[PDB]
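**Student:** Based on the sequences and whatever the hints tell you, model everything.
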Amino acid sequence: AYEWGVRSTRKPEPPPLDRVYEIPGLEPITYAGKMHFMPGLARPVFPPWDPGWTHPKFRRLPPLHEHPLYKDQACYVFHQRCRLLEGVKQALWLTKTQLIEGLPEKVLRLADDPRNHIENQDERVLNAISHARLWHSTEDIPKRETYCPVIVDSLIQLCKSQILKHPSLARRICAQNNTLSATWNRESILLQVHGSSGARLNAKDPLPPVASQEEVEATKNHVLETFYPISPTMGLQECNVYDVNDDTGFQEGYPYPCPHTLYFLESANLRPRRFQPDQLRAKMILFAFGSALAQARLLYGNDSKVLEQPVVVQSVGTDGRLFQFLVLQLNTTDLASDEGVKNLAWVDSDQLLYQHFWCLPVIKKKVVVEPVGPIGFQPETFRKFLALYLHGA
Amino acid sequence: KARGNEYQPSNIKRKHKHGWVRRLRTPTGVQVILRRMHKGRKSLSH
Amino acid sequence: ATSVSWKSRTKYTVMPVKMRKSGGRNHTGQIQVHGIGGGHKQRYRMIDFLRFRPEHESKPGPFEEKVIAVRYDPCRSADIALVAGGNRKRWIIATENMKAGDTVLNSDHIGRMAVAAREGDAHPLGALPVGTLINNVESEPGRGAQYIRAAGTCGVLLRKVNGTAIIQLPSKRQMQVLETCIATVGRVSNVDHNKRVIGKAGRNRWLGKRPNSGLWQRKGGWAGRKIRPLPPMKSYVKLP
Amino acid sequence: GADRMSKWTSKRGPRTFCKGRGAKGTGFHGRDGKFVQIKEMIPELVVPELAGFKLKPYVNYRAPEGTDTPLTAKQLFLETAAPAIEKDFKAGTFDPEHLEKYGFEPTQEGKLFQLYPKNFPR
RNA sequence: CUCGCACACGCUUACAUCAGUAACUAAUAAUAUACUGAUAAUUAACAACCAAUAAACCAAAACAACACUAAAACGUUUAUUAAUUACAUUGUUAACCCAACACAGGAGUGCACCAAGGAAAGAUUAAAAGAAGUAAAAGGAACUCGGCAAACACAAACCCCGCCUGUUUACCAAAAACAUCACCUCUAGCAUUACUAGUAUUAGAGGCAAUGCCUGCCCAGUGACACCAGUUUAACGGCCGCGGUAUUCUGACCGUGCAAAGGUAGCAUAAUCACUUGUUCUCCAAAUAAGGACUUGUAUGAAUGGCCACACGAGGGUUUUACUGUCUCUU
RNA sequence: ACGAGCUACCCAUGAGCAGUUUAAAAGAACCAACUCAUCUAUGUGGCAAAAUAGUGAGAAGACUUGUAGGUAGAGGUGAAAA
RNA sequence: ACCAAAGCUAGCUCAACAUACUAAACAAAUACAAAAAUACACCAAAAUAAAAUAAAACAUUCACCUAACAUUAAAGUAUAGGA
Ligand SMILES: [K+]
Ligand SMILES: [K+]
Ligand SMILES: [K+]
Ligand SMILES: [K+]
Ligand SMILES: [K+]
Ligand SMILES: [K+]
Ligand SMILES: [K+]
Ligand SMILES: [K+]
Ligand SMILES: [K+]
Ligand SMILES: [Mg+2]
Ligand SMILES: [Mg+2]
Ligand SMILES: [Mg+2]
Ligand SMILES: [Mg+2]
Ligand SMILES: [Mg+2]
Ligand SMILES: [Mg+2]
Ligand SMILES: [Mg+2]
Ligand SMILES: [Mg+2]
Ligand SMILES: [Mg+2]
Ligand SMILES: [Mg+2]
Ligand SMILES: [Mg+2]
Ligand SMILES: [Mg+2]
Ligand SMILES: [Mg+2]
Ligand SMILES: [Mg+2]
Ligand SMILES: [Mg+2]
Ligand SMILES: [Mg+2]
Ligand SMILES: [Mg+2]
Ligand SMILES: [Mg+2]
Ligand SMILES: [Mg+2]
Ligand SMILES: [Mg+2]
Ligand SMILES: [Mg+2]
Ligand SMILES: [Mg+2]
Ligand SMILES: [Mg+2]
Ligand SMILES: [Mg+2]
Ligand SMILES: [Mg+2]
Ligand SMILES: [Mg+2]
Ligand SMILES: [Mg+2]
Ligand SMILES: [Mg+2]
Ligand SMILES: [Mg+2]
Ligand SMILES: [Mg+2]
Ligand SMILES: [Mg+2]
Ligand SMILES: [Mg+2]
Ligand SMILES: [Mg+2]
Ligand SMILES: [Mg+2]
Ligand SMILES: [Mg+2]
Ligand SMILES: [Mg+2]
Ligand SMILES: [Mg+2]
Ligand SMILES: [Mg+2]
Ligand SMILES: [Mg+2]
Ligand SMILES: [Mg+2]
Ligand SMILES: [Mg+2]
Ligand SMILES: [Mg+2]
Ligand SMILES: [Mg+2]
Ligand SMILES: [Mg+2]
Ligand SMILES: [Mg+2]
Ligand SMILES: [Mg+2]
Ligand SMILES: [Mg+2]
Ligand SMILES: [Mg+2]
Ligand SMILES: [Mg+2]
Ligand SMILES: [Mg+2]
Ligand SMILES: [Mg+2]
Ligand SMILES: [Mg+2]
Ligand SMILES: [Mg+2]
Ligand SMILES: [Mg+2]
Ligand SMILES: [Mg+2]
Ligand SMILES: [Mg+2]
Ligand SMILES: [Mg+2]
Ligand SMILES: [Mg+2]
Ligand SMILES: [Mg+2]
Ligand SMILES: [Mg+2]
Ligand SMILES: [Mg+2]
Ligand SMILES: [Mg+2]
Ligand SMILES: [Mg+2]
Ligand SMILES: [Mg+2]
Ligand SMILES: [Mg+2]
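Protein sequence lines, in the order shown, are assigned to chains Bm, BJ, BL and Bq.
Final position of the first sequence in the entry's author numbering is 422; the numbers increase by one with none missing.
Final position of the second sequence in the entry's author numbering is 95; the numbers increase by one with none missing.
Final position of the third sequence in the entry's author numbering is 300; the numbers increase by one with none missing.
Final position of the fourth sequence in the entry's author numbering is 135; the numbers increase by one with none missing.
Derived by calculation from the structure, the hints in this document are not laboratory data.
We treat Cβ as the ideally placed atom computed from N, Cα and C, and that holds for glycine.
Among the clues, some could well be false.
As the list claims (entries may be wrong) - Calculated pairs, BS3-like style, for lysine-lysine (alpha carbon to alpha carbon, straight line, at most 27 angstroms):
{"no.": "1", "chain 1": "Bm", "residue 1": "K86", "chain 2": "Bq", "residue 2": "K37"}
{"no.": "2", "chain 1": "BJ", "residue 1": "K64", "chain 2": "Bq", "residue 2": "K20"}
{"no.": "3", "chain 1": "BJ", "residue 1": "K91", "chain 2": "Bq", "residue 2": "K114"}
{"no.": "4", "chain 1": "BL", "residue 1": "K126", "chain 2": "Bm", "residue 2": "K118"}
{"no.": "5", "chain 1": "BJ", "residue 1": "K88", "chain 2": "Bq", "residue 2": "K20"}
{"no.": "6", "chain 1": "BL", "residue 1": "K71", "chain 2": "Bm", "residue 2": "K40"}
{"no.": "7", "chain 1": "Bm", "residue 1": "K86", "chain 2": "Bq", "residue 2": "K32"}
{"no.": "8", "chain 1": "BJ", "residue 1": "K62", "chain 2": "Bq", "residue 2": "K32"}
{"no.": "9", "chain 1": "Bq", "residue 1": "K52", "chain 2": "Bm", "residue 2": "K86"}
{"no.": "10", "chain 1": "BJ", "residue 1": "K62", "chain 2": "BL", "residue 2": "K232"}
{"no.": "11", "chain 1": "BL", "residue 1": "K159", "chain 2": "Bm", "residue 2": "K118"}
{"no.": "12", "chain 1": "BL", "residue 1": "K159", "chain 2": "Bm", "residue 2": "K40"}
{"no.": "13", "chain 1": "Bm", "residue 1": "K118", "chain 2": "BL", "residue 2": "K149"}
{"no.": "14", "chain 1": "Bq", "residue 1": "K47", "chain 2": "Bm", "residue 2": "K86"}
{"no.": "15", "chain 1": "Bq", "residue 1": "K114", "chain 2": "Bq", "residue 2": "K131"}
{"no.": "16", "chain 1": "BJ", "residue 1": "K62", "chain 2": "Bq", "residue 2": "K52"}
{"no.": "17", "chain 1": "Bm", "residue 1": "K172", "chain 2": "BL", "residue 2": "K81"}
{"no.": "18", "chain 1": "Bm", "residue 1": "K172", "chain 2": "BL", "residue 2": "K71"}
To be verified - Okay, the calculated beta carbon distance ranges per label pair:
{"no.": "19", "chain 1": "BL", "residue 1": "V257", "chain 2": "Bm", "residue 2": "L381", "range": "36 to 44 angstroms"}
{"no.": "20", "chain 1": "Bm", "residue 1": "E56", "chain 2": "BL", "residue 2": "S68", "range": "40 to 48 angstroms"}
{"no.": "21", "chain 1": "BL", "residue 1": "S68", "chain 2": "Bm", "residue 2": "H84", "range": "28 to 36 angstroms"}
**Tutor:** Structural data, given as structure tokens:
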């Protein structure tokens with residue numbers, strides 16, 4: 030084969046030993062006595078350096094297998110920055126779900142009612158977009174890492190103002206950079222969702238089930254799509270050190286034990302840095318399942334069985350101009366077999382909130398054709414955004 | 050087109066080309082130091 | 061002063077790697093090849109020449125992979141295609157009509173009768189039909205593809221005698237090689253690279269070629285249309 | 014050109030060149046780049062109590078001088094260790110093997126303030 | 001009247017307060033940012049110094065929605081480690097640097113063109129000559145190598161050589177020279193520092209210059225290859241005499257000789273030895289100029305390229321129109 | 001032996017090109033900053049051991065430019081001007 | 001009458017003798033860009049000296065020219081040289 034090393038770039042091998050060391054029963058004469066190099070004297074051979082007392086920073090890195098949690102079985106870990114090729118298909122396969130196009134009827138009918146709209150919904154959102162992209166920064170062209178979290182937080186505040194009309198939104202609170210872990214066995218291979226999230230919303234009361242029993246039974250006969258050349262593991266991180274313990278972000282007795290909404294933000298200036306929309310939807314599927322799986326085992330036990338009371342977790346992905354919406358319901362814990370009841374997940378793909386924005390007025394032939402402000406606006410994207418936020422109430 | 054200002058000062062370049070460290074890295078450079086020490090120079094190198 | 065070559069990466073990775081131009085200067089620092097330098101900055105893609113390479117040694121059997129996308133590689137004159145299978149991805153040279161969402165079979169089992177020649181499959185020269193167009197020729201078993209990789213270049217198998225295959229290189233020179241070497245069926249992509257026309261002197265500078273020297277050299281005896289018989293067949297088979 | 018016969022200090026070079034003027038380091042760089050100053054490396058000045066101490070920086074002019082006799086390693090031994098050794102040998106208790114009771118120390122690394130390595134600054 | 005504030009690079013107290021200048025420094029005097037003596041000063045938040053390994057990740061910056069070819073600087077997260085302990089060290093002035101000078105020169109970035117920064121005349125007289133600027137009667141290139149310079153002009157056309165943008169003799173030549181897209185010849189079957197992390201649609205050693213129509217004949221010599229016969233000129237190079245012949249002129253033709261073949265197509269008094277101011281026509285009142293033809297150029301000529309054309313030119317030559325102190329002729 | 005802090009070329013790492021005309025960021029066009037130096041006049045121990053004034057060519061590219069590194073005299077480098 | 005003129009020390013040269021030959025100063029900092037207390041290394045090397053000149057040119061040759069252990073003689077002798 031063609032090994033990728035280069036002789037010049039690789040570290041040189043040690044120089045050949047002097048001929049004196051090859052003579053049996055002959056003590057070589059070295060310059061180690063004078064502790065400096067001298068021509069004509071043999072080069073000493075020293076034993077490996079052994080510091081009597083260990084020092085934290087300057088010691089060599091311990092081997093991986095020295096860690097107490099090291100295990101022979103290879104566990105696959107999915108953190109935030111893992112990319113899946115067949116994002117919708119791999120996430121569906123690893124989670125044993127059935128993709129249903131369109132938001133659930135409870136969510137969609139919760140936004141079409143005019144009695145659930147903020148005052149000046151059209152105007153305020155238009156101000157929110159302008160504030161996010163042009164007004165919030167002193168610079169003329171704000172970068173994406175600045176206006177990606179601003180636009181999401183601004184829209185959260187708009188739907189937060191509905192607490193006066195619905196005095197039950199006070200049961201929610203946000204959490205930041207929590208540590209989440211959920212390990213499950215899936216067809217003779219071990220998977221684990223480990224890492225953090227952008228923004229998390231938790232509520233005191235659990236979210237009611239959203240799928241009718243007719244759809245759950247229809248899920249039994251659904252067969253998961255398969256792809257032969259690509260293994261389902263591809264895209265994950267193979268870790269030999271791990272702990273088999275489903276650890277959520279909070280300790281026992283937390284007054285907000287039921288997660289409600291996950292906010293994933295792809296904020297990065299460069300195009301290759303950000304997730305593709307297909308891969309971004311995969312990121313939401315697994316993390317929404319990991320939070321759902323943690324509740325399903327904390328509230329019921331480590332035993333794997335079908336859940337009589339489903340757990341519902343929502344998640345919203347944002348690019349700064351394009352949105353992704355996901356509502357996931359968890360029904361099955363025994364994921365080893367593929368013949369039982371599958372889970373459900375409603376996904377709306379590529380909800381375009383606005384087409385384009387012009388920070389500066391474009392001038393063609395000394396006249397203004399398109400003034401400053403967003404071009405094209407779809408209020409339904411925010412209307413669906415408002416629907417998910419008010420789902421609990 | 051108007052010569053005479055060929056010397057553009059720079060401390061990074063001056064200490065890298067005529068520095069004391071460079072003079073002691075080449076066998077010919079060390080002989081330069083030896084000649085200036087023998088002659089009695091006040092400054093062996095930059 | 062001795063310089064350091066940029067080819068220091070040890071582990072294969074599909075993502076583009078940083079690249080430093082040379083300009084014809086050797087490690088010493090003197091010009092050795094003229095007319096090179098001042099090109100557009102480029103990134104290098106790690107190309108996997110060895111078509112047959114199992115993920116693990118537990119299962120040495122033939123495996124089948126899937127093509128994801130076909131991209132443009134600034135370094136070589138051909139087009140490379142991303143290929144994924146199992147738990148790894150590879151950049152391999154795409155043939156004439158390789159597209160996205162396609163399946164490519166890699167195998168080494170030398171069968172007696174034959175194997176149907178597809179446009180992307182890689183099979184040993186012992187199982188291919190006599191009249192097959194091939195590229196990425198492996199000179200020795202396990203050495204890797206070295207020959208026939210330029211754009212639009214395809215070699216044709218001639219005959220298989222006493223367990224040894226003879227192929228025709230694009231230079232119309234016959235080459236003898238053991239039949240167990242892996243080769244790819246088809247013609248290399250970007251067929252009309254030869255018909256590309258450079259519109260101005262600047263486009264040469266963008267590619268990275270400096271203009272020739274202005275010294276006027278009188279032609280010697282080397283010039284003139286030379287008619288020479290074809291050199292004999294080059295054989296890499298070691299006869300015991 | 015430039016002056017090659019002057020002192021090369023931190024003020025002459027660019028912003029990259031920052032050479033200390035001779036101070037002793039008191040720490041290192043931490044994780045975030047904030048300078049972590051080690052408490053031990055700071056020289057803790059030790060001072061006595063001069064309130065109940067009667068002595069002045071000047072001596073009276075009428076006070077006589079003395080014959081300048083520099084202290085000798087031989088004179089110190091005859092003053093401190095000789096009386097102890099002499100009495101023990103006359104009583105028959107002298108032990109040539111062990112001399113630790115007379116103030117001799119075989120290895121310096123045991124004690125806090127070595128002598129040949131010169132552990133203490135002053 | 002307008003190159004102003006600040007940082008980087010550089011210089012190194014030349015900066016500040018007070019006092020002195022008979023003399024030293026300023027190309028003079030007053031005088032003191034520039035000469036002498038004493039004293040004093042730049043305080044970190046800004047800037048320098050400011051972790052390692054393993055793993056996941058094919059998807060450009062141009063308001064970036066999405067695309068082009070020349071394929072593009074710009075990283076996050078998970079895992080294993082990382083002395084944990086107020087106050088560390090260092091750069092903070094300036095009218096400044098490189099050019100022998102307190103030099104009309106050279107000098108990167110940000111923001112302004114000012115709210116900031118500065119003084120063309122030491123005092124007179126108002127000669128010639130010289131430099132720079134404005135105006136002019138009638139004429140408008142009659143000046144002169146040339147319309148150089150100047151102008152209330154700021155247009156039109158022909159030709160020669162190069163196709164074009166570009167490049168070169170820093171400090172007498174910026175061109176018709178070199179490069180260049182195109183075409184063609186030649187040498188190479190391939191691995192860890194160039195060529196190349198490439199593999200004959202590739203890469204080097206060269207010639208000639210886009211395009212269009214073409215690139216004729218010649219391996220005798222030399223060179224190269226074959227390394228033998230031999231093969232090669234888009235390899236170096238070459239590509240003919242004498243005599244007679246249709247009334248006269250011309251010479252289709254014929255005799256004879258030598259060669260490896262005897263200059264083919266084209267163009268042409270040309271940037272092409274001399275003859276030469278060839279001859280003729282057009283342009284002008286007048287033409288050694290310019291364009292168009294005639295043409296043995298016995299020394300034009302076909303990739304050491306011939307020929308034709310669009311576009312282009314601070315190249316070279318000519319004509320018309322408009323302007324003007326170039327000039328009649330200076331004030 | 002010492003020299004690539006000027007210059008020829010290259011490898012790194014950075015930074016500039018406003019307005020105007022066009023489906024054009026097209027080695028297109030008008031014109032600044034910026035970079036070269038065509039023609040003439042002053043200057044000729046000069047302000048200057050190659051400059052000043054007027055006028056000019058390019059000005060989204062084979063373009064200018066800062067920092068730093070590489071090639072050294074039987075050589076380096078060269079869009080050949082010895 | 002100005003500008004000027006005069007002085008005799010500083011030290012040096014060549015030997016001899018001679019110990020036997022990198023002085024004086026080294027508290028701290030000195031081969032990071034020397035004079036900057038403090039971190040996992042790489043370290044190092046040799047290949048005949050050539051020519052200016054003489055032979056009235058210049059190609060074989062051209063004393064001394066790095067390494068001889070001296071002096072009185074043998075002797076500018078034997079020999080080696082485009083002899
Ligand atoms: K290519
Ligand atoms: K200074
Ligand atoms: K004339
Ligand atoms: K020019
Ligand atoms: K021949
Ligand atoms: K003519
Ligand atoms: K020109
Ligand atoms: K250098
Ligand atoms: K000047
Ligand atoms: Mg000089
Ligand atoms: Mg410079
Ligand atoms: Mg290349
Ligand atoms: Mg060429
Ligand atoms: Mg040429
Ligand atoms: Mg000097
Ligand atoms: Mg400095
Ligand atoms: Mg500075
Ligand atoms: Mg601190
Ligand atoms: Mg100075
Ligand atoms: Mg003055
Ligand atoms: Mg004063
Ligand atoms: Mg002063
Ligand atoms: Mg002067
Ligand atoms: Mg004045
Ligand atoms: Mg005057
Ligand atoms: Mg006058
Ligand atoms: Mg006038
Ligand atoms: Mg008049
Ligand atoms: Mg006339
Ligand atoms: Mg006349
Ligand atoms: Mg002339
Ligand atoms: Mg003129
Ligand atoms: Mg002519
Ligand atoms: Mg030209
Ligand atoms: Mg022409
Ligand atoms: Mg030009
Ligand atoms: Mg010149
Ligand atoms: Mg120039
Ligand atoms: Mg000139
Ligand atoms: Mg042709
Ligand atoms: Mg041509
Ligand atoms: Mg040419
Ligand atoms: Mg020509
Ligand atoms: Mg020919
Ligand atoms: Mg022959
Ligand atoms: Mg003609
Ligand atoms: Mg002609
Ligand atoms: Mg003539
Ligand atoms: Mg003429
Ligand atoms: Mg005339
Ligand atoms: Mg003519
Ligand atoms: Mg001729
Ligand atoms: Mg020829
Ligand atoms: Mg000719
Ligand atoms: Mg053209
Ligand atoms: Mg012209
Ligand atoms: Mg006229
Ligand atoms: Mg340089
Ligand atoms: Mg512009
Ligand atoms: Mg242009
Ligand atoms: Mg000028
Ligand atoms: Mg001028
Ligand atoms: Mg004028
Ligand atoms: Mg112009
Ligand atoms: Mg132009
Ligand atoms: Mg050197
Ligand atoms: Mg040379
Ligand atoms: Mg050049
Ligand atoms: Mg020439
Ligand atoms: Mg010449
Ligand atoms: Mg001689
Ligand atoms: Mg003589
Ligand atoms: Mg000699
Ligand atoms: Mg003889």
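**Student:** Against the 27 angstroms threshold, does the CA-CA distance of Bm:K86 and Bq:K37 hold or violate the hint?
**Tutor:** holds, 22 angstroms
**Student:** Given the hint that BJ:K91 pairs with Bq:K114, does the C-alpha gap stay at or below 27 angstroms?
**Tutor:** violated, 57 angstroms
**Student:** Just to be careful, I want the Cα atoms of Bq:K52 and Bm:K86 compared with a cutoff of 27 angstroms; is the pair within it?
**Tutor:** holds, 18 angstroms
**Student:** State, for the Cβ atoms of BL:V257 and Bm:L381, whether the hinted interval 36 to 44 angstroms holds or is violated.
**Tutor:** holds, 41 angstroms
**Student:** Run the distance test for BJ:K62 versus Bq:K52: straight-line Cα separation, threshold 27 angstroms.
**Tutor:** Violated, at about 40 angstroms.
**Student:** Taken at face value, is the distance from the CA of Bm:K118 to the CA of BL:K126 at most 27 angstroms?
**Tutor:** holds, 15 angstroms
**Student:** Take the C-alpha atoms of Bm:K172 and BL:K71, compute the straight-line distance between them, and say whether it is at most 27 angstroms.
**Tutor:** Not OK: Bm:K172 and BL:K71 at ~34 angstroms, beyond 27 angstroms, violated.
**Student:** Assess, step by step, whether the Cα of BJ:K88 is no farther than 27 angstroms from the Cα of Bq:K20, and give holds or violated.
**Tutor:** holds, 22 angstroms
**Student:** Straight-line Cα separation of BL:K159 and Bm:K40 no greater than 27 angstroms?
**Tutor:** violated, 41 angstroms
**Student:** With the threshold set at 27 angstroms, check whether the alpha-carbon distance from BJ:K62 to Bq:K32 stays at or below it.
**Tutor:** Holds - the C-alpha atoms of Bq:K32 and BJ:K62 are around 18 angstroms apart, at most 27 angstroms.
**Student:** Are BL:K159 and Bm:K118 close enough, with their CA atoms no more than 27 angstroms apart?
**Tutor:** Roughly 21 angstroms separates the two Cα atoms, so the pair holds.
**Student:** Holds or violated: are the alpha carbons of Bq:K47 and Bm:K86 at most 27 angstroms from each other?
**Tutor:** holds, 17 angstroms
In summary, the structure is inconsistent with hints 3, 10, 12, 16, 17 and 18 from the numbered list given earlier, while agreeing with the others.
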